[PDB]
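Okay, here we've got a single chain as structure tokens, the form deposited in one PDB entry, with questions on binding and movement later.
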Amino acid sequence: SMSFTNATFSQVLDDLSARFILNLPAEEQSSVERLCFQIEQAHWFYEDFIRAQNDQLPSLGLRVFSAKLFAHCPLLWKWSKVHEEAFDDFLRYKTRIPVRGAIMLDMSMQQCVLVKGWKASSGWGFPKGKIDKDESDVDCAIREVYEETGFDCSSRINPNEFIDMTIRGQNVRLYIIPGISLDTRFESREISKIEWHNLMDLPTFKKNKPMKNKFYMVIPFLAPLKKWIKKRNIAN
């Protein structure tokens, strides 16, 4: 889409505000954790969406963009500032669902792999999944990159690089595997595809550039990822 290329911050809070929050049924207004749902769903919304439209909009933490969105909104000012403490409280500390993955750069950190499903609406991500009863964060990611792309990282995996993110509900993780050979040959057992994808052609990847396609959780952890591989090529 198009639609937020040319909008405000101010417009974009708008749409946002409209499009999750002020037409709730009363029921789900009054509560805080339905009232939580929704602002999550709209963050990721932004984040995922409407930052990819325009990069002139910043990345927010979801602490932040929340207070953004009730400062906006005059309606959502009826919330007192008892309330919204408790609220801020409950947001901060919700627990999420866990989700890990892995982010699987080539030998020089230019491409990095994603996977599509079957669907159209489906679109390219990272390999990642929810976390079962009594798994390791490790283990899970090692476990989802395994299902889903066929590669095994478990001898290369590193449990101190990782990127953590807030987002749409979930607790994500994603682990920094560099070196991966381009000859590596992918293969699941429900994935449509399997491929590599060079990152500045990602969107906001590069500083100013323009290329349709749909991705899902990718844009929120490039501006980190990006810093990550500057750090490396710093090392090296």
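Residue numbers count along the first chain shown, from 1. In this text, the rigid core denotes the largest set of C-alpha atoms whose superposition between the two forms falls within 1.5 Å. First, how it differs from the form deposited in another entry.
- A movement of the C-alpha atom of residue 136 falling short of 2 angstroms is seen between the two forms when the two forms are aligned on their rigid core.
- In the core-superposed comparison between the two forms, the C-alpha atom of residue 78 has shifted by at least 2 angstroms.
- Once the rigid core is overlaid between the two forms, residue 29 counts among the residues whose Cα shifts by 2 Å or more.
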The other form holds:
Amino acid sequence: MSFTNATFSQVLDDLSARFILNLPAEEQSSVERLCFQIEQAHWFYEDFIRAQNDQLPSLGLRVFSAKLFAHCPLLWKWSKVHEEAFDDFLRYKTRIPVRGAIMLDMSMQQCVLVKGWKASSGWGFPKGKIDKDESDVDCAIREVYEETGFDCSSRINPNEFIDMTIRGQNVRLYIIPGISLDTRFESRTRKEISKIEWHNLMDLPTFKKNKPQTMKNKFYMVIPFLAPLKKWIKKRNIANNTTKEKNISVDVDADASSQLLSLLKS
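Switch from the form deposited in one PDB entry to the form deposited in another entry and give that structure.
Excluded here are partners and other molecules; the one chain stands alone.
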């Protein structure tokens, strides 16, 4: 809980000193070699730091990276042509795709999470890599089934999901509301999993405005999707009393992200 009282600025310096600041000059000049470390930082931020300081804003990679440059002097010597090519590269870096789901109850205040054994494994949403020629929706259906025992092919909605680049992967979690609250979960094809449980969203580290996190739970790439989720639900609730779902998706590295970049960068 080192970063509970750090300002945003102090957090930015740390992440810099930690990941990019002290790299060999050549690695700072390598879009790839630098993009990798920045991808690590952005994840360290969303996954560890925001967890002890919810005041800190949830950022898409592209925005987080811009603010990480402000705390990295060795990057200040470089062209607009250069910094734009980098951001380009952040936008389109060939990354391994990962698909899965955020399973919610009917009332949208509880979600399904999966835990390995190991004490070094934190809870996480069901998700995995893509098998050859397999489709995004089809990969999600499969991962959920393998990890959870629950077949979601009848409720999964190809139009409803959250996209986000985190720790060098392109994560897409389909959002499937209305999962039976006494579904029985199984993991017989996935011997690594020890627990699969409903958690209250309000107990998740950054979910409620000023609830501090108890040191009794570890979460993997959960925290980063919580901002886009709150947004998803807000919108899906508007849709519920106006029309009919379908449209509702949230892409973290898209417009929301370029709007904020323009505000910083102008």
